[PDB]
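**Q** Listed below, chain by chain, are the residues.
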Amino acid sequence: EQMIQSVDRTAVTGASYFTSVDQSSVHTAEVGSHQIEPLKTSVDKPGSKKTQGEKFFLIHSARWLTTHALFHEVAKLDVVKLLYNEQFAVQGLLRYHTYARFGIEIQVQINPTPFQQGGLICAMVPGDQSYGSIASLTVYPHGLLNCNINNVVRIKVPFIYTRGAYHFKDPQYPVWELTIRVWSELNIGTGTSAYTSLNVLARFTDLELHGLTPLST
Amino acid sequence: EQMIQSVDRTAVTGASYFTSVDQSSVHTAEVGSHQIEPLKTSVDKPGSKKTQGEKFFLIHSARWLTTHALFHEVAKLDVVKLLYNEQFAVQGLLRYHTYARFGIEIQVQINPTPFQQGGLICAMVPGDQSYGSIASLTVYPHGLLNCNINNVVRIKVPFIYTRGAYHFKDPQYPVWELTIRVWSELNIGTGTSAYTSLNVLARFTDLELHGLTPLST
Amino acid sequence: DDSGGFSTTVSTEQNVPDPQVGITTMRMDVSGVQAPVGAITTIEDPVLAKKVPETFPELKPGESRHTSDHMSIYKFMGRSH
Amino acid sequence: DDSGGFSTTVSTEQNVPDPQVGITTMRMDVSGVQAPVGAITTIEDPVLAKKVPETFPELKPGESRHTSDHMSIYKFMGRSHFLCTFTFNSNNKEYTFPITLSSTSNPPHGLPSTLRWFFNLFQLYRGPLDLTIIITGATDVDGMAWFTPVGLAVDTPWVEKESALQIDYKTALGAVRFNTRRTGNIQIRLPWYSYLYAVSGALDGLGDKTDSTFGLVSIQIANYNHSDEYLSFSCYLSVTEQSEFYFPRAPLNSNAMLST
Amino acid sequence: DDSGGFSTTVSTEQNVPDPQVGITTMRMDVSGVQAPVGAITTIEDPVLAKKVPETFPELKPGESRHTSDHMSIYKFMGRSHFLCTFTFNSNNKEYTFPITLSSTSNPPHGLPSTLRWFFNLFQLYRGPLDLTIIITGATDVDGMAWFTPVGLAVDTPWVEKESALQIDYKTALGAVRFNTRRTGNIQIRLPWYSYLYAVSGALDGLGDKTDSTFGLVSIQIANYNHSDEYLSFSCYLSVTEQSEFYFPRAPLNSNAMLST
Amino acid sequence: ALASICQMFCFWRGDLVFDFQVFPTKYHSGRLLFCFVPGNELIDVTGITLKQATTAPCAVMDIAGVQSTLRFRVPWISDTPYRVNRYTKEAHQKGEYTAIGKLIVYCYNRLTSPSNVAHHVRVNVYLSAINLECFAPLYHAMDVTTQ
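Residue numbers (PDB author numbering), protein chains in the order written: chain B, 5 to 221; chain B', 5 to 221; chain A, 3 to 29, 40 to 93; chain A', 3 to 29, 40 to 272; chain A'', 3 to 29, 40 to 272; chain C, 100 to 246. A prime marks a further copy of an entry chain.
A portion of the hints provided could be inaccurate.
The calculated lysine-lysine pairs, modelled on PhoX-like cross-linking and capped at a C-alpha distance of 25 Å, are [unchecked claim]:
1. B:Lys80 to C:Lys125
2. A':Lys221 to B:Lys173
3. C:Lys188 to A':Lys173
4. B:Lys173 to C:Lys125
5. A'':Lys182 to B':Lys49
6. A':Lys221 to C:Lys188
7. C:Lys193 to B':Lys44
8. A':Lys221 to C:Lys193
Label pairs and their computed distance ranges (CB to CB) [as the list claims (entries may be wrong)]:
9. A':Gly90 to A'':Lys173: 52 to 58 Å
10. B:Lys44 to B':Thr221: 40 to 46 Å
11. A:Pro48 to A'':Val64: 43 to 49 Å
12. B':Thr221 to A':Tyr258: 30 to 36 Å
13. A'':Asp57 to B':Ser65: 46 to 52 Å
14. B':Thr221 to A':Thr14: 40 to 46 Å
15. A'':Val64 to A':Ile85: 44 to 50 Å
16. A'':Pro120 to C:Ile229: 36 to 42 Å
17. A':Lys105 to A'':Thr144: 23 to 29 Å
18. A:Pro48 to C:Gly146: 57 to 63 Å
19. B:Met7 to A:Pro73: 43 to 49 Å
Calculated directly from the structure, the hints in this document are not laboratory data. Beta carbons: idealized from backbone N, C-alpha and C, even for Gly.
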C-alpha cells in the first residue's frame with residue numbers, strides 16, 4: 005500500500021517572546037534568501053544594543069562661577085533619571101523594558117583658562133548624599149578637577165542598589181546621585197573671564213534589559 | 005638619574021559613535037567590577053536587538069464578510085509603515101536610526117466555522133500592485149486561506165527594493181504592500197455567523213539599522 | 003532561525019525561478045504503471061504544491077528539433093523591440 | 003572594553019577595600045638611602061594616587077604586642093552595642109520596634125550611638141544579626157518575642173499597645189517564650205528574610221520606608237502585676253560572621269551622630 | 003495486570019509526590045531555540061499532563077542563597093505550632109484534652125490555625141509527635157501529666173474537673189511530675205500507641221470519633237493556692253522525623269480555617 | 100492548591116504555569132490572546148488596546164482543535180529576588196508587591212459558530228507552579244480575590 009501525503013495540522017510557531025498555537029496550520033512559504041552586499045551602502049557598524057544604548061549623552065550643562073562659595077553644589081544630577089528622556093537614543097530601549105541593571109560611566113569637563121584658579125570634586129553617590137560629611141567625599145568614586153592640572157575627569161562604577169534592577173516607570177529611589185562641589189573657590193584677576201562652563205557625559209556599561217511591556221508610562 | 009612620573013596629557017576616549025579629544029586628560033577611575041548573579045532576578049533572556057525589534061506585532065485587524073464580492077480587497081496594508089508606530093516595541097530602534105534593511109514575515113489568521121465556505125489569497129507585493137492581473141497573484145509570495153483546510157498562512161520574504169535601505173522619516177515608496185483578496189466568496193446557510201475575523205502579524209527578520217540621528221521626525 | 007524564530011513546521015521555498023527548460027528534451041515513460049499519487053494534492057500547502065503533477069500514463073516527448081531555446085530571456089528579449 | 007568603549011588612558015581601580023591590616027606587623041628600613049620619589053605626586057590622577065607615600069627615612073615598626081586585630085569589622089562590631097530601652101506600664105501589652113538602618117530616624121526611635129554611626133559607613137548590608145535583650149525590674153513575668161520580616165502585617169512600631177493579632181499568627185513566625193524569673197536575659201540570632209538584595213542605611217523619602225528596614229522584633233508580656241516595680245527591657249545588636257558590608261560611604265558629620 | 007485486567011492504553015501514574023525540590027538550584041537555558049512543543053497539551057489525558065510545561069525562552073535561575081529548604085515538611089512543621097490554652101481556677105483539679113485531627117471539631121476545642129490546616133492536607137498520619145507545654149502565672153505549683161492512648165479509660169475531655177481515677181492508674185501510663193517554680197516549660201515526645209494503622213484527619217459521623225483521635229494528654233495540678241494569681245497552660249505540637257504523611261488531599265477552603 | 104500552600108509563606112518566587120482549558124464544540128472557532136504585562140499588581144492595565152499588548156510577551160491559542168489546553172508559563176520577571184505576602188498587611192505600600200504582573204486575556208478573533216450550537220465558550224483557568232521557592236513561614240487565611 006502507498007501513503008498519500010497530507011497537511012500537518014497542529015504546529016507551534018513564534019519568535020522571541022510570542023507564541024502561536026494553531027490547529028489548522030500549514031507550512032511556511034519562503035522566497036529568495038538573505039543576501040550579502042558586495043558593496044556596502046552604509047559602512048558604519050550596524051546598530052544594536054551596544055551601539056545605541058551604551059553611547060555617551062549630554063546629561064547636564066552648568067557653569068562654575070566666582071560667586072559660588074566653598075562646598076557650593078555646582079551641579080546636582082540624578083544620573084539615570086536624566087538618561088531616561090525623549091532626547092537620548094537610549095530611551096527607545098528603556099521605554100519598552102521594565103527593569104534594567106547596568107553600569108555607569110561619567111565624564112565631566114571644565115575649561116578654565118590658566119589665569120583662573122580653583123578646584124572641583126565630582127563624586128558618584130549611590131542613593132542620596134543623606135547626611136555624611138562633605139569633606140569626606142573622596143571616599144566615593146570621584147575625581148578632582150583642578151584648574152592647573154586636569155580639565156577632564158572620568159569615573160566608572162558598577163550597579164549598586166538594594167534590588168535586582170532599576171524599574172524606570174515608577175522608580176523606587178535614584179540609583180546614583182552625581183554631585184559637583186566647589187572644592188576650592190574660583191579666583192581671577194582683573195578681566196579674566198568670570199566663570200567656567202561645565203558639562204557632563206554619561207552612558208551605560210554592561211546594560212541588561214528585562215520586561216518588555218506595552219505600558220507607555 | 006631617576007624619573008619622576010607625571011600625568012599623560014593628551015588622550016582620546018569614546019564609545020560606539022562619539023569621541024573625546026582632551027589636552028589635559030587623566031586616567032579613569034574604576035571601582036568594583038562587573039558581577040554575575042548567583043540567583044537571577046529575571047530569568048527571561050536579556051533584551052537586545054533580536055528580542056525587541058524582531059518580535060511579532062499585531063499590524064491590522066479586519067473582518068471578511070459575506071457581502072464582499074469576488075476580488076474584494078479585505079485588507080490593504082502598508083506593512084513596514086504600520087510597523088513604524090508608537091505602539092510597537094520595534095519603534096524605539098527605528099525612531100533613532102535613519103536607514104534599515106531587513107526581511108519580513110507575515111502571519112495571517114482567519115477563523116471560519118466549518119459551516120462557512122470561502123477562500124482568500126494573501127500576497128506580498130513589493131512597491132505597489134500597480135496594474136497587473138488580480139488572477140495572477142499566485143506569482144507573488146502568497147498563501148491561500150481556505151475555510152476547509154487552513155486558517156493560518158505564513159510568508160517569509162527578503163528585502164526587495166531599489167535602494168540600499170528604507171529611510172523611515174521620509175520614505176520614498178512603501179517596500180511591501182500586503183493585499184488580501186476574496187478568492188472565492190464567503191457563503192453561509194441560515195444562522196451561521198455572517199463574517200470571519202481577520203488579523204495580521206508582522207515582524208522583521210535579519211534587521212539591520214544605520215544612521216543614529218537626533219531628528220525626532 | 004537566525005532572527006530567533008522557531009516553529010515545528012518545515013519552511014519550504016515557494017516559486018523558485020527556472021524549474022525547467024523551455025525546450026523539449028531528455029535529461040521509457042514519464043508517469044505510469046504505478047499510480048497517479050500526484051493527482052490529488054492540497055494547493056494551499058507550499059510543501060505539497062511542489063509535488064510533480066501527474067495524472068495519466070505518458071511518454072517522454074523526444075527532443076525538440078531546433079537548436080535554440082526561444083523561452084530564454086536573453087534570447088527572446090535579445091531581439092530589439 | 004566589552005561595552006564598546008575605548009581609550010588610550012590606563013583605567014585603574016580607585017579606593018580598593020582592605021589595603022593593609024590594622025595591626026602592626028612585618029610581612040631593615042621602610043624608606044631610605046634612595047630618595048623620596050614618593051613625596052611629590054598629583055593627587056588628581058588615580059594612577060598616581062596609589063603611589064606609596066614616603067618622605068623621610070623610617071624603620072619597620074616591629075610587631076604589635078597583642079594578638080587580636082581591633083580594626084577588623086567582625087571583631088569591633090562583634091561586641092554588641094546599644095539599640096533601645098523601653099518599659100511596660102501595664103499588663104497584657106505588646107511592644108514592637110523595628111530595626112531600621114535609616115538615619116532619617118532620630119533616636120529614641122532609631123539607631124543611636126555607634127550603630128547609627130556604623131550602618132552609615134557603607135551603602136549595603138546583607139545578612140543575619142545577633143540580638144540580645146536584657147530584662148530589669150519585675151520578676152515572675154512570662155513574655156514572648158517574635159521576629160516579623162518587612163511587608164508582613166505587624167502592629168504600629170515604637171508604640172506600646174494591646175495586641176491586635178492572634179496568638180496563632182504570632183507563634184507562626186516563630187517565638188521564644190521566656191520568664192523573667194529564670195533567665196533575665198536572652199540572646200538570639202535574627203534571620204535574613206527579605207525580598208530585597210540588601211538593606212541600605214542612607215536613603216530618603218519613598219525608598220527610605222521600605223529598603224531601610226531589616227525587620228521588626230516584637231515583645232509581648234503577660235502576667236505582669238503592676239503592684240510590682242517597673243519592668244525594663246533593653247536591646248543590643250551585634251553582627252554575625254555571615255553579614256556582609258558593601259561599598260563604603262562617607263562617615264557622618266559630627267552633627268548627625270546622636271546618643272541615648 | 004495481575005487482577006486479570008487488560009487494555010491497549012498505557013496506564014500511567016498520576017500526581018506523584020515530590021517531583022521537585024522547593025529550593026532554587028541546579029541539578040545554559042531551560043527552554044529555548046527549539047520550540048514550545050510544551051505549550052499545547054490535553055490536560056484531560058494523564059499521559060500528556062506530565063509534559064514539562066514550557067512556553068518562552070528562559071534561563072536557569074541560579075542557586076538559592078540560603079542553605080535550608082523551607083518547603084520540606086519535616087522542616088516547616090518541625091517548628092512547634094499552637095494547639096490550646098487553659099487556666100485552672102481551683103486547686104486539686106484535672107484537665108484532659110485530646111489530640112484530635114478531625115476537622116469537625118471547631119476550636120477552642122480542636123486544632124486551630126496551622127495544625128487544623130496541616131492535618132487536613134493529607135489522609136493518613138502515622139507516628140510519634142513532640143509536645144511542649146508552657147506554664148504561666150502562679151509559682152510553687154507541682155503538677156503531673158500523663159498520656160492516655162485511645163479507647164482506654166479517661167476523664168471527660170476538654171473539661172476541668174476533679175480526678176475520677178486512682179493515683180495508681182495515672183502513674184501506670186507513665187507521667188512526668190514538674191514544679192512550676194523550677195521549670196516553667198516542658199517538652200516531651202508522645203508515643204504512637206494505636207490499634208489502628210494511622211489516624212485520619214478528615215472523617216465524619218461514626219468513624220470520626222475513633223479513628224481521628226491520636227491520644228489524650230491530661231494534666232493534674234496540686235498545691236495551687238488561689239490567693240495567688242492565675243495559672244495558665246499552653247500547648248504546642250511539632251512533628252518528629254518518625255512521622256509519616258500519606259495520600260495528599262485537597263486543602264481546606266478559606267471558610268473552614270479558624271484561629272485562636 | 101497553589102494558593103493554599105503559598106498563603107502560609109512570607110516570600111515566594113518561581114514560575115507560575117497557567118493552564119487554560121476551553122470548553123468548545125468542534126464547530127466553534129476563534130482565537131484568544133493571553134498577554135503578560137510585567138509590573139506590580141496595582142498598575143492600571145485597562146487602557147491597553149490589542150495592538151499595544153502584542154508588545155508584551157503573549158501567546159495565541161485556537162479554540163477548536165484536537166488539543167484543549169494552552170499552558171502559559173510566566174517567566175520570573177522581577178527587580179527583587181522574591182515577592183512578598185502583603186495581604187496580611189492592611190493598606191498598600193509602594194515598593195512592596197505580591198504579583199509579578201497582570202495577565203490580560205483579549206478576544207483576538209471573534210467567536211463564530213452555527214445557529215444550533217451554544218453562542219459562547221466557557222474557559223477554565225488553572226494555576227500551578229514550577230521552579231518554586233517559598234520560605235519564611237507564617238499563618239494567613241487567604242481571602243477570595245474579586246476582580
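**Q** Starting from the hint 36 to 42 Å, judge whether the C-beta atoms of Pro120 of chain A'' and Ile229 of chain C obey it.
**A** holds (40 Å)
**Q** Need the status of pair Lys221 of chain A', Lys188 of chain C: alpha-carbon distance at most 25 Å?
**A** Between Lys221 of chain A' and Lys188 of chain C the Cα gap is close to 15 Å, so the pair holds against 25 Å.
**Q** 23 to 29 Å was suggested as the range; check whether the CB atoms of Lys105 of chain A' and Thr144 of chain A'' agree with it.
**A** With Cβ atoms ~25 Å apart, the hint holds.
**Q** When you take the CB atoms of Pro48 of chain A and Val64 of chain A'', is the distance between them in 43 to 49 Å?
**A** Given a distance of about 45 Å, which is inside 43 to 49 Å, the answer is holds.
**Q** Within a Cα-Cα threshold of 25 Å, do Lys188 of chain C and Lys173 of chain A' meet the stated pairing?
**A** Holds - the C-alpha atoms of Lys173 of chain A' and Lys188 of chain C are around 18 Å apart, at most 25 Å.
**Q** Taken at face value, is the distance from the CA of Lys173 of chain B to the CA of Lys221 of chain A' at most 25 Å?
**A** Judged against 25 Å, a Cα distance of about 19 Å means the pair holds.
**Q** Take a quick look at whether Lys221 of chain A' and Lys193 of chain C sit within 25 Å of each other, Cα to Cα.
**A** Given pair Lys221 of chain A', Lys193 of chain C holds - Cα atoms ~9 Å apart, limit 25 Å.
**Q** Is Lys173 of chain B close enough to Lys125 of chain C, meaning Cα to Cα at most 25 Å?
**A** Violated, because 44 Å separates the two Cα atoms, which is more than 25 Å.
**Q** Is the distance from the Cβ of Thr221 of chain B' to the Cβ of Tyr258 of chain A' consistent with 30 to 36 Å?
**A** violated (45 Å)
**Q** Are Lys80 of chain B and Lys125 of chain C close enough, with their CA atoms no more than 25 Å apart?
**A** violated (66 Å)
**Q** Range hint 44 to 50 Å: satisfied by the CB atoms of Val64 of chain A'' and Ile85 of chain A'?
**A** holds (46 Å)
**Q** Is 40 to 46 Å respected by the C-beta to C-beta distance linking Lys44 of chain B and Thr221 of chain B'?
**A** Violated, since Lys44 of chain B and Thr221 of chain B' (Cβ atoms, about 27 Å apart) do not stay within the stated range.
The structure fails to meet hints 1, 4, 5, 10, 12, 13 and 19 from the earlier list, while all remaining hints are met.
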